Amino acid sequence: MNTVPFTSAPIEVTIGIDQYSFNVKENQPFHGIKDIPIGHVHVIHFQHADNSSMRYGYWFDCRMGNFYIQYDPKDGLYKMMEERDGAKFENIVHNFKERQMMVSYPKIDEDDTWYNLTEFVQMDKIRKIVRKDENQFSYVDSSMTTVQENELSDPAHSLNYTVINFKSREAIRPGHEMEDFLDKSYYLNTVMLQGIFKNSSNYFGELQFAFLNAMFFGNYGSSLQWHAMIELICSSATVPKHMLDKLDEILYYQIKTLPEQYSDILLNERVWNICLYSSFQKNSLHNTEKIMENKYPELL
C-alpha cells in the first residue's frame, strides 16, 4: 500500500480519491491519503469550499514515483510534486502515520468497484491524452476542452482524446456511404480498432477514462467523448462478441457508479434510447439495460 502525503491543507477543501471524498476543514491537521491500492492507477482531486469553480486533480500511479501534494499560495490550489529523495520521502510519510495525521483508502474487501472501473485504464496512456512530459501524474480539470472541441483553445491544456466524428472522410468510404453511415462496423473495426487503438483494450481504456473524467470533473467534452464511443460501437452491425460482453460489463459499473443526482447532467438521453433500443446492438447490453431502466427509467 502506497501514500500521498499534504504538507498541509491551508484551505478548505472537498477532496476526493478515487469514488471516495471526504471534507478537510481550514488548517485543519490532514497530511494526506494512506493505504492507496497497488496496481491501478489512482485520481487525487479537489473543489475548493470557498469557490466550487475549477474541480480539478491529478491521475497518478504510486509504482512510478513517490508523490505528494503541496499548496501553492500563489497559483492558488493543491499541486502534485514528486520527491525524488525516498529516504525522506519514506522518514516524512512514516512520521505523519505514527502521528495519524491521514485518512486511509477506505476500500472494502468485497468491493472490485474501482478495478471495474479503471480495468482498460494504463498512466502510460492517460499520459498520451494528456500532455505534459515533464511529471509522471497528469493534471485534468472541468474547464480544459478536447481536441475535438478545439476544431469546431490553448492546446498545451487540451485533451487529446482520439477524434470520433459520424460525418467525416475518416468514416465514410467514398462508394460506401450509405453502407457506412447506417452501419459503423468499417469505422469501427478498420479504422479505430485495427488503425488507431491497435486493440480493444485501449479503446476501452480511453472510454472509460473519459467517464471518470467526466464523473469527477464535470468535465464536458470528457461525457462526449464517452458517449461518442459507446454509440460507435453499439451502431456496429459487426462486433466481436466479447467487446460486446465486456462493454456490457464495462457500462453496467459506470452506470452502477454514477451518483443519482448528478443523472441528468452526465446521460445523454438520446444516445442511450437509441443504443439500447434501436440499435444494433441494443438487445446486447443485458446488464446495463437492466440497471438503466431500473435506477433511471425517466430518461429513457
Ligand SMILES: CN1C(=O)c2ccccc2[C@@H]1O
Contents of the next structure:
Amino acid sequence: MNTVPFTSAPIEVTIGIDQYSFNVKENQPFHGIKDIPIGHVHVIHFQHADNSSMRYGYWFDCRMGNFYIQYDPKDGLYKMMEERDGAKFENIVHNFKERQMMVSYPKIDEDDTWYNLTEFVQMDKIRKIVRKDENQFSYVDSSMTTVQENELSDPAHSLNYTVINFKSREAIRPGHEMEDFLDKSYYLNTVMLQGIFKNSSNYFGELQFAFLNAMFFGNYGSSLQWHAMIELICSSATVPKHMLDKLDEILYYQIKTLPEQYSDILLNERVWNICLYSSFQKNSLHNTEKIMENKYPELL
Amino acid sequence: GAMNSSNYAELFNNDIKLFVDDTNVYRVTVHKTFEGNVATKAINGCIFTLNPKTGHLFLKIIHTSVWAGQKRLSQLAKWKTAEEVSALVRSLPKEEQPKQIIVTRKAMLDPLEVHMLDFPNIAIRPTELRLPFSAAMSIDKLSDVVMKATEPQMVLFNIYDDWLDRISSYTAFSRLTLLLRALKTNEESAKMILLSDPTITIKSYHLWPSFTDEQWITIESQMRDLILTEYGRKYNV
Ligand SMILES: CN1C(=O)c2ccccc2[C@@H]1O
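Switch from the form solved without this ligand to the form solved in complex with this ligand and print that structure.
Complete assembly follows, chain above in first position.
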C-alpha cells in the first residue's frame, strides 16, 4: 500500500483520489494520502476553491516510482513530482505517517468499484494517449482537446485518442458503402481491433480511460471518445461474445458511479437510446440497460 | 448549409450543382393476396438528377430487377440512389462534376456522403424547400420511358425544352416548379390546362407544349389559380 505525500497545502482545494474526495483548507497541516492500493492505476485530482473552472489531475501507478505533490505558486497548481531518492522520500513519509498528517485511501473491503472502472487501463497506454515522456505520470485537465477535435491547437497538450469516424474511408470499404456503414463489424474487428488496438483489452482500456477523464475533469473530447467507442461496438452485428459480456460489465459500473447531477451533460441521449434499443446489440447489454432504466429513465 | 428561400438565387450562379430527388426510385402498388393478406408489387422507378442552371436532366431508370431478393427496400433505395449519383459523377470529366449536390430529402444525406467520400470537394446539402420533383412521373414522356424500360438505363433530357433561348434560368426554374407543383396538387386539372388544345404541339425532342410567350403567361396564370384553389380546399380557407 503506497503513499502520494504532499509537501503542503497552501491553497484551499478539493482533492480527489480515484472516486473519493476530501476538502482541504488554506494552509491546513495536510501531508497527502496513504494506504493507496497497489496493483491499479490511480488518479489524484484537484479543484481549487476559488476557480471551480479547470479541474486537473495526474494519472499514476505507485509501482512506477515515488511520486509526491508540491504547490507551485508561479503556475498556480498542485504539481506531481517523482522523488528519485527512495530514502529522502521514505524518512519524510515515515515522519508524516507518525504525525498522522495523511488521509487514508478509504476503500471499503467489499468494494470493487475502482477495479471495475480501471480493469483494462494500463499506465503505458495512458502515456501514449497523454504524451509527456519525461514523467512517469500523466497530467489531464478539463480543457485539453483531443487529436480528433484538433483536426476539425497545441499538439503537445492533446489527448491522442484513437480517431473513430464513421463517415471516413478508414471506416468504409470501397464497394461496401451501405454494408459497412450499417454494419460496422469490419471497422470494429479488422481496422480497429486487429489493426490498431491489437486486442480488445487495449480497446476497453482506452474506453475506460476516456470515461474517467470525462467524469473527473468534465473533458468533453473524452466524453465524445467514450460514446464513439461504445457506438462502434453496438453498431456491429458481429462482436466476440466475450467482448459483449465484458462491455456490459464495463458500462454498468460507469453508469453506477456517474454523479446523478452530471447525467445531463455526460450522457448522449442519441447514442444511448440507439445502443440500448435500436442497435444490433440492443439485447446484449442487460445489466447496463437495467441500471440505465432505473437511474436515468428521463434520458431515454 | 441547407438550401432555402433566402439563398435561392444561388441555384443560378456559375457553380455547377445538381438536385437529386429519390421520391420515385422505389415505387410499389399495394394489393391483397389470395389468402387475404397484403403484398407490394414494385414498378420501374427513376432517380431525378437535375442541373437547374442548364435544364439537363439525368434520368436514371431503376428497373424492378434491382429489388429482386432484397430486404428493407425503402432503405436500400436510398443507397442505390447514392450509388448511381456517385457513378454519374465519376463518369463526368472533372470540369463537369458538380461542386454541390442538393438532396430533396434529408434521409439521402448519409448515403450520398458515404458514397461520395472520394469527392471531398463536392458539398452535399439538404434543402428546406418543399420542391415538387415527385411529380416528374406526371410528365408523359418521362413516365413512358420509365415504364417501358426492360433493363437499367440512363436517359438524358432538357427539362426546360428550348425556354432558355428566351428566358433566364431563374425564370425557367420558376416555370418548371409551377408546372410541377400544379401536377402534384391536381394532376388531372393540371394536365387539362396543358393538354386542352391538341393543335398546340409538343416537338419530338421536347417535354412540354410549344406555347408562345403569351400562351405561357396564360398557362402560368391558370396553374397559379389551380394551386390556390386546391390550397383553400385542403385547409377550408
Ligand atoms: C522535495 N520533496 C521531496 O523530496 C518530497 C518527498 C516526499 C514528500 C515531500 C517532498 C518534498 O517537498
